[PDB]
Amino acid sequence: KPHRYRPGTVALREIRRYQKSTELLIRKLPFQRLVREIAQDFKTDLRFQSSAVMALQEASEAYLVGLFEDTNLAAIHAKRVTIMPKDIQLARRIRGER
Amino acid sequence: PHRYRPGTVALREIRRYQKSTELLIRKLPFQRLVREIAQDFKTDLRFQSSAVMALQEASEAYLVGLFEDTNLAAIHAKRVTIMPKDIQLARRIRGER
Amino acid sequence: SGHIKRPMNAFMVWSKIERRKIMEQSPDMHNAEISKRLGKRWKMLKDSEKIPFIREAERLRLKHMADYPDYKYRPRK
Amino acid sequence: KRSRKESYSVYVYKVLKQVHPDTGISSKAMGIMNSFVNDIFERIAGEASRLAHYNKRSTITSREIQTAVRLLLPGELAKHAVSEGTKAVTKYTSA
Amino acid sequence: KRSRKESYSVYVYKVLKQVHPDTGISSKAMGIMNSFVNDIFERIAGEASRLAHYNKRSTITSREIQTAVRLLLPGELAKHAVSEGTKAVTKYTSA
Amino acid sequence: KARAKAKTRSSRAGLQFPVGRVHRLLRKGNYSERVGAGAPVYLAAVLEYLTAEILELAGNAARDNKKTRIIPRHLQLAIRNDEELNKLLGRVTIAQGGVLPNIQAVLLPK
Amino acid sequence: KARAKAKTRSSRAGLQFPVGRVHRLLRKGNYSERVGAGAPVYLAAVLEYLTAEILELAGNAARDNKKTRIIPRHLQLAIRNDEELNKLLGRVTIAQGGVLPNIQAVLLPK
Amino acid sequence: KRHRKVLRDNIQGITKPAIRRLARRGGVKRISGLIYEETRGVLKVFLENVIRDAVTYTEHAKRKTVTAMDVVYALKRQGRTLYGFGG
Amino acid sequence: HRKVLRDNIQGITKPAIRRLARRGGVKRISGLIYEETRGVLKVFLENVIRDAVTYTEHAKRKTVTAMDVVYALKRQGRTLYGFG
DNA sequence: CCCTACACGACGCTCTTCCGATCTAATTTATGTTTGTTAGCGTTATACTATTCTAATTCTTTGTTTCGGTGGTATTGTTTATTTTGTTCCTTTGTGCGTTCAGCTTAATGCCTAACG
DNA sequence: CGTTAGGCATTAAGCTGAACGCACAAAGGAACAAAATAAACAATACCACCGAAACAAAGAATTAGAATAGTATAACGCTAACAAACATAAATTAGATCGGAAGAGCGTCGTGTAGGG
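Residue numbers (the entry's author numbering), protein chains in the order written: chain A, 37 to 134; chain E, 38 to 134; chain K, 46 to 122; chain D, 27 to 121; chain H, 27 to 121; chain C, 9 to 118; chain G, 9 to 118; chain F, 16 to 102; chain B, 18 to 101.
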């Protein structure tokens, strides 16, 4: 029987590691595929540089980390630790979009 | 012998104030408060009546948006009243500080 | 309190007596409406009818100046 | 001499009895509508300005403001706007 | 011929070894600093533009940009900025 | 000398907005050096439709409350009830317009 | 003919920013018709101080992590750790800069 | 006395029934007893940030008076634009 | 170039969103967050990409470059750095 | 099941305010150059995608396990509905001071040529 | 091939008379507001328990760097040409200044409603 840590110490370790990190999280090729497959619905046959899709990756990263920090600030208010879809709906309601 | 249960007249107050549209603050306390605050920057700073009225209008619009936000925060929090935790939550998620 | 009040103008000279008349003659009538109607009446009043109040106001202004010579007036909060 | 302070209020009245020949309007909503028109004009002209600055062109044309209302106006309003805008400049260029 | 794409990067290097004569900098942060300078210049010049438009004056002077950095910069940074700005134009007007 | 009859460009477009006013307003508006001929035409068209549309829904709200004067309350319900243009007017609040009626579904009594 | 020695206005101010570049950049920048003489001087002064200050705290953060190359991570901690200028840069996010280290005080274990 | 205690609560001139009115516009049912001073803190921060901008506007233009259109510009500074005054 | 790209919405993976939340200071994840995160990301990228498409269609191009994405994020109040 | 304190239509007074007509600076719009940005066409070089190879890597999958979510029961305390006094705040014309505005004169000033890193 | 020295239209910088804004006097109630009591109900303290999610090995597409073929496409340089800028009236028209009229506030009746035994 291998030793398993209590749930949360591994979690807190990867919190400090990944918030300590600097590299991109979302894998580049599926991100590229999603950007192209949603870009083809306005004017088809569109090419991108490395620079445009890299800046798009950075924009998506910043928006998602702000959304999840605000969602965690929502979920701590309910005396809760996990996150729920109602937390994300509350976050996008207080932001002013939905 | 006609004491109401608390909340029915609260619903009636909701309906009368959301149906109404006039100013909600007496103008002279807000005028004296603005006269107090603006003297902290410089002296001899008078105002037009439209200026002060506009300031009361913008303040009231900001407050009613803020309180709608905190009430939605409170009802996500499974409670039916507002608390200052909801106030600082809405001041966080909207990004003021 | 030490604050020195303004002299009554001609409207004030006429409005004081007429407001007292309206309260005595027509009670249980709100004062704001009475002031509105007094304003309307004064606007309807002929210029010739207003000479005693005008002169009276001027006399009060002279007495005020004689009684309160430092009134250049400087209002402060 | 005296400062002449202008607005669009006669044209507000004209489009009002264009769409609805029956109703009136207070002075409140007339000033609201005037601030409405000048704020939307400010935003549209500024967007067309920065679009002309990016594309290295020293002018503003119908294409630039068409891109600007494509940018600002969200949804079906933009499509309605570009259709009637092309209608309007075909009317203007026909004469 | 070829498009010449300029930046402020030599002046970034110059102020870098002005304040810190020891450290280097990647190409990443050089482009970051370039976007920093042009974005702050854009915001300041646009604010000075609308201030000149409100006060019915057809020019931009040192007073207009002084009001602009008083407006945008929050707090002690604005006070530091106006002090050294007056210092800089006294240096410029002394010669 | 004798010029021709003064036809305005608003008459040249079936238009109710002053073309020359917005032409000089772009010209002194300090947005670019030259200005295209049909760009104030396009501008006046989209502004006429924007307010024309605002008027159409505002008057329907005002007649819907059985009054023939346009009230900023009617303006508030027109710009807050319809969601198509509310996204343009999220950060803009009407003076003396109030808040559109809205009650929480849980705060009804049992 | 023979002109005098070409003294730049950056040398006339003890300045490290190009005065003529921002002078034409305001001139073609389409903000007003005429431009005052000391206004690019003021502009170059405040931009030099803004970035000079950014550099001072960025290099202290970079030496604080014992590296002599400036990293956008150091830029992120410099603009997020100090609150004096964070209010200017609330809506602006650094590419490849990450998030400043933080943790909720309740999520420590008992 | 004319004024209770030591008074000097100009911001407390925005009294608890008035904040109750502003809250009942906002769609709230029950109000706790610890809302008012925090709402007053919102009043402080909002009026400081707008009045500073407006006094900067009128102090550049060499005028001792604060115009309502300068208030509309100061609210256009923060995405807080209102209508009905010109723009 | 002889393909129409479809069904890549789940191209982003569940542990990648988990790693995103690990950057976001979030501790525990329910099993419903992933679809909502995909929807939120899809509509955000839809908005910015539509802005960049009409940008490129104005300037008579056939490709999309980085500076137009910078202008889209500048117009949406989400201005980024490091790209000119 | 009970009755009964607060929101709405019909109508009349009421006042006010906004629609109609009229005069007049001004600014909008036909002519007619100059001039000067930009479609358009040839060119080119260039940077981007398709394809294919190791490789490494990280996503899924199938479990254990454990702990936060949720429903439920006291519990208590804290806000409300209501009365009972304080209390401050509405309206009007004329008077006085302070401020801004606009015409006016005049001094700075930067649009437009010609030469050094 | 980029930056800096001289010469005047044109624009603010003072400057004084004049129009405009705003505070503020008496008089009153009256809408408003501060305080005090049941009460009740809603926030909260805490328990069961459970199933929904952390930990972790075992494989599984898969990205990850590198050439490279080619290839549509930014990104050039001259034009020219069409469109705008700069004078020049005129004429509409937008706006200022007086008049009436009807549209909505005030209220008041009775009606319907929907909440405490």
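No wet-lab data here; the hints were simulated from the structure. Some hints here could point you the wrong way.
[Unchecked claim] Derived BS3-like pairs: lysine-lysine, alpha-carbon spacing no greater than 25 Å straight-line:
id : chain 1 : residue 1 : chain 2 : residue 2
1  : K       : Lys61     : K       : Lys95
2  : B       : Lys79     : B       : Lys59
3  : B       : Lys31     : A       : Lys64
4  : B       : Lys59     : B       : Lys44
5  : H       : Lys40     : H       : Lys117
6  : H       : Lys54     : H       : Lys31
7  : B       : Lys77     : B       : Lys31
8  : C       : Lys9      : D       : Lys43
9  : C       : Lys15     : E       : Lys56
10 : B       : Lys59     : A       : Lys79
11 : E       : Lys64     : F       : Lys31
12 : F       : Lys59     : G       : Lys95
13 : K       : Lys81     : K       : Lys66
14 : H       : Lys40     : G       : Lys118
15 : G       : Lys9      : G       : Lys36
16 : E       : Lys64     : F       : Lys16
17 : D       : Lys40     : D       : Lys113
18 : G       : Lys74     : A       : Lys56
19 : H       : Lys105    : H       : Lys117
20 : G       : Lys36     : D       : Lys82
21 : K       : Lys61     : K       : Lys50
22 : H       : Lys31     : B       : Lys59
23 : K       : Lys122    : K       : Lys95
24 : D       : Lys113    : B       : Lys77
25 : H       : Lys31     : G       : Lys74
26 : B       : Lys91     : B       : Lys79
27 : H       : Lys31     : E       : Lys79
28 : K       : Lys50     : K       : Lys117
29 : K       : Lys122    : K       : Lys50
30 : D       : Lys82     : B       : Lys91
31 : D       : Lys105    : B       : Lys79
32 : E       : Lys79     : K       : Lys61
33 : D       : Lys31     : D       : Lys54
34 : H       : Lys113    : G       : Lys15
35 : H       : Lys40     : H       : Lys113
36 : K       : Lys50     : K       : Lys81
37 : K       : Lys50     : K       : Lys66
38 : A       : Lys122    : B       : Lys91
For each hint, the structure was consulted:
{"no.": "1", "hint": "K:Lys61 / K:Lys95", "in the structure": "holds, 14 Å"}
{"no.": "2", "hint": "B:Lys79 / B:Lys59", "in the structure": "holds, 23 Å"}
{"no.": "3", "hint": "B:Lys31 / A:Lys64", "in the structure": "holds, 15 Å"}
{"no.": "4", "hint": "B:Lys59 / B:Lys44", "in the structure": "holds, 24 Å"}
{"no.": "5", "hint": "H:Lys40 / H:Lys117", "in the structure": "holds, 20 Å"}
{"no.": "6", "hint": "H:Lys54 / H:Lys31", "in the structure": "holds, 16 Å"}
{"no.": "7", "hint": "B:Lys77 / B:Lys31", "in the structure": "violated, 39 Å"}
{"no.": "8", "hint": "C:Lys9 / D:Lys43", "in the structure": "violated, 39 Å"}
{"no.": "9", "hint": "C:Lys15 / E:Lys56", "in the structure": "violated, 49 Å"}
{"no.": "10", "hint": "B:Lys59 / A:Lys79", "in the structure": "holds, 17 Å"}
{"no.": "11", "hint": "E:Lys64 / F:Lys31", "in the structure": "holds, 15 Å"}
{"no.": "12", "hint": "F:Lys59 / G:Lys95", "in the structure": "holds, 18 Å"}
{"no.": "13", "hint": "K:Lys81 / K:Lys66", "in the structure": "holds, 15 Å"}
{"no.": "14", "hint": "H:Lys40 / G:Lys118", "in the structure": "violated, 52 Å"}
{"no.": "15", "hint": "G:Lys9 / G:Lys36", "in the structure": "violated, 30 Å"}
{"no.": "16", "hint": "E:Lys64 / F:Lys16", "in the structure": "holds, 24 Å"}
{"no.": "17", "hint": "D:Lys40 / D:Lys113", "in the structure": "holds, 21 Å"}
{"no.": "18", "hint": "G:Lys74 / A:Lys56", "in the structure": "holds, 16 Å"}
{"no.": "19", "hint": "H:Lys105 / H:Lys117", "in the structure": "holds, 18 Å"}
{"no.": "20", "hint": "G:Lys36 / D:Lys82", "in the structure": "holds, 11 Å"}
{"no.": "21", "hint": "K:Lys61 / K:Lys50", "in the structure": "holds, 16 Å"}
{"no.": "22", "hint": "H:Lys31 / B:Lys59", "in the structure": "violated, 34 Å"}
{"no.": "23", "hint": "K:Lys122 / K:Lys95", "in the structure": "violated, 35 Å"}
{"no.": "24", "hint": "D:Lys113 / B:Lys77", "in the structure": "holds, 23 Å"}
{"no.": "25", "hint": "H:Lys31 / G:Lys74", "in the structure": "violated, 34 Å"}
{"no.": "26", "hint": "B:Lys91 / B:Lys79", "in the structure": "holds, 22 Å"}
{"no.": "27", "hint": "H:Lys31 / E:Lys79", "in the structure": "violated, 47 Å"}
{"no.": "28", "hint": "K:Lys50 / K:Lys117", "in the structure": "holds, 13 Å"}
{"no.": "29", "hint": "K:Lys122 / K:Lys50", "in the structure": "holds, 14 Å"}
{"no.": "30", "hint": "D:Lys82 / B:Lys91", "in the structure": "holds, 19 Å"}
{"no.": "31", "hint": "D:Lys105 / B:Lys79", "in the structure": "holds, 22 Å"}
{"no.": "32", "hint": "E:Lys79 / K:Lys61", "in the structure": "violated, 40 Å"}
{"no.": "33", "hint": "D:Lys31 / D:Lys54", "in the structure": "holds, 16 Å"}
{"no.": "34", "hint": "H:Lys113 / G:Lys15", "in the structure": "holds, 20 Å"}
{"no.": "35", "hint": "H:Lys40 / H:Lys113", "in the structure": "holds, 21 Å"}
{"no.": "36", "hint": "K:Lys50 / K:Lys81", "in the structure": "holds, 23 Å"}
{"no.": "37", "hint": "K:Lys50 / K:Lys66", "in the structure": "holds, 24 Å"}
{"no.": "38", "hint": "A:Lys122 / B:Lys91", "in the structure": "violated, 30 Å"}
Checked against the numbered hints given earlier, this structure breaks hints 7, 8, 9, 14, 15, 22, 23, 25, 27, 32, 38; the rest are met.
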